[PDB]
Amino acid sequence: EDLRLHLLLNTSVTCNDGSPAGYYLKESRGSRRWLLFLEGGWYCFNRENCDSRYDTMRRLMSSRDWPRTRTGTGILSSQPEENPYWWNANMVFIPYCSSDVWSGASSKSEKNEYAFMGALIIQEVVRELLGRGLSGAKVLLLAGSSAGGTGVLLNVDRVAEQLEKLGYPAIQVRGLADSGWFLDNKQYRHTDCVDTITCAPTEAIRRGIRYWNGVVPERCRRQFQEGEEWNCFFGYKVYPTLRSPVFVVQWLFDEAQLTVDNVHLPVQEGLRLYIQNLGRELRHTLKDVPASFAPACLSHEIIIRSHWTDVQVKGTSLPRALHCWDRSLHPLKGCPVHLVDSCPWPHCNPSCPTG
């Protein structure tokens, strides 16, 4: 139970219910690498659905019941057997307690039942870590899964700008977005946005941004402009606007993408063609993403799972691809960084997770 909780010293930076946000840290002295991981877990976007989330997913809205430690797993493990890539790094797990895809900048107040402070939580964590050793860093990798992966895309350049303005231009900020690269595609079956379950992510995120006071990266904001900032929550639209190196991990048939497309799994022709087209579209969006790992599996998240080393694309595991990415940022013979499956159906890669 090896990462220790620190509640933020700035207690105006809060989870949804006004309790302090925080982070779990395991230092590795003498390492100048820092991994800051953003937890995922969907989002809520109005009073009613945030109230329901508060009843049955309260750890995602409050720190009051957080344990004092958490065990680092997968890319957060300190054992080389489990984490060939960054086992000796300084490890930070940032709990997701803002329900805003890490985008919010609004406090609980007279007018707001909940605080949505995800973008400010990340900034405050970075600020407080600087005094605990991050000031000596050479690389800060901001990683995250699901909504935390999208959170990487929305925040990595802001972390880079923050460190530059604080006088640390030597810290190289990079992103690792896992299972956060979604498509605003047509659903397999179609429902108008009449409640939470019928509301597609484009409409739910458009509402969320207003409810959260959500913020997006500046260059993407300037492209899409007022009322269209929801576009910046879709990886293929925001990624080309970013300056920081970002490695994208995305299952081609992500279970959360299928859920928001109203697919849940003998498959007949219409659905077969739908699923094949989804994988093709995902592969197309990654064509020109040089650092990516996109296996042809029906699954969800990878990087903090203990068996994250097992999956391979073209014979290369994700820890290997990440190591090759590090080398590339110092093509490399036998050390690839762009790994996208071409086979067209879930589990056509034999190394997919078994479930």
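Positions refer to the first chain, counted from 1. Here the rigid core means the biggest group of C-alpha atoms that line up within 1.5 Å when the two forms are laid on top of each other. Shifts are known only where both forms have a C-alpha. What changes on going to the form deposited in another entry:
Among the residues 273, 170, 166, 197, the single one whose Cα moves by at least 2 Å between these two forms, once the core is superposed, is 197. In a core-based superposition, a mobile segment is defined as at least three consecutive common residues whose CA atoms each shift by 2 Å or more; between these two forms, just one such segment exists, spanning 191-199.
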Second form
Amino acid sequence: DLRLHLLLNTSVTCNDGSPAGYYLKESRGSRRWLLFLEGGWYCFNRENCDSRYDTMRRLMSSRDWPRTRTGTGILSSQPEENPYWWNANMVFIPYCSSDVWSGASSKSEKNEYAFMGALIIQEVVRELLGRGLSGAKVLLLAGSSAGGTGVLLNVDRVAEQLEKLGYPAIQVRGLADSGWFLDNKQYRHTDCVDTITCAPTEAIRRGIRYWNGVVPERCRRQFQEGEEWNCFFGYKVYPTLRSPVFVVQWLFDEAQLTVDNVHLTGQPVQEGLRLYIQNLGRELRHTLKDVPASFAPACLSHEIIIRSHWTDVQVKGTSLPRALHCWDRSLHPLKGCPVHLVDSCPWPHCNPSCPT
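In place of the form deposited in one PDB entry, the structure of the form deposited in another entry is requested.
A lone chain is what you will see next.
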């Protein structure tokens, strides 16, 4: 189990002003540290965050968090469940900022909610240095869904934080799971009123300014003010990072289809929707051609790395834990140890190892 620690700096808060925190399981015989960023969509205005506070309060507050949490998947310490990093120090950072880990504004008389996702990561890394992170050999910043996008938004800031604090030996790396989205056109137009069924562009646009969200520096200088929403999309922000980032992304992510307003009921799919789905898989495949460390199975699913059966899926005969191990080896063309694994078949579940 991972033990809950609320941030000693109580000025770094969740949405409702309650303190943020992190779950920790130390491994005294390891110099490898895995910091996982939880996901769970976001909210971009006062009245939509108010609704999130009624029925998703744990994603906005720490007042009801449990004292412990079970490490699953890549956060598991059993080698059977986690062949990759079972012996590493495990850190689970709950997502309680609703800002895709980008905000850096505190709750005041002008803000009903605090959006401090970017400062939460910074404060956790800071406070972990006194509990063993100072002697770390690799810091892997991982995350799923919104936490996956958060890795892309924060991995260079964490690396910049550690050098400026005098820890050049800590190799900061990123693992972004199911956070690689396309700002494509929906299959059927909808009215952007919520977070689930809104155009992925315009939702980020209003959120980033509601949050006062921050984006990585080189990406900010390319797109410049008013266009920082572009850096929330993997294929635009990834080329600007220097830190190594392994990208895990279903070719047919359920969250991607949701914001695209695609709903597979079970009826025979018409030509229009069939071409739309095949074109989506092709577009994602294209955005990953120049991503050397990637794992993209042709499945309709959502998230993977913290699921207990994340070992089952395979691309071209190689599992994700193996590809991540090969990635570790590449960072010390490997024989029989591939690191770029992207399916080429064009329909959901054409890979037989897809989750059922």
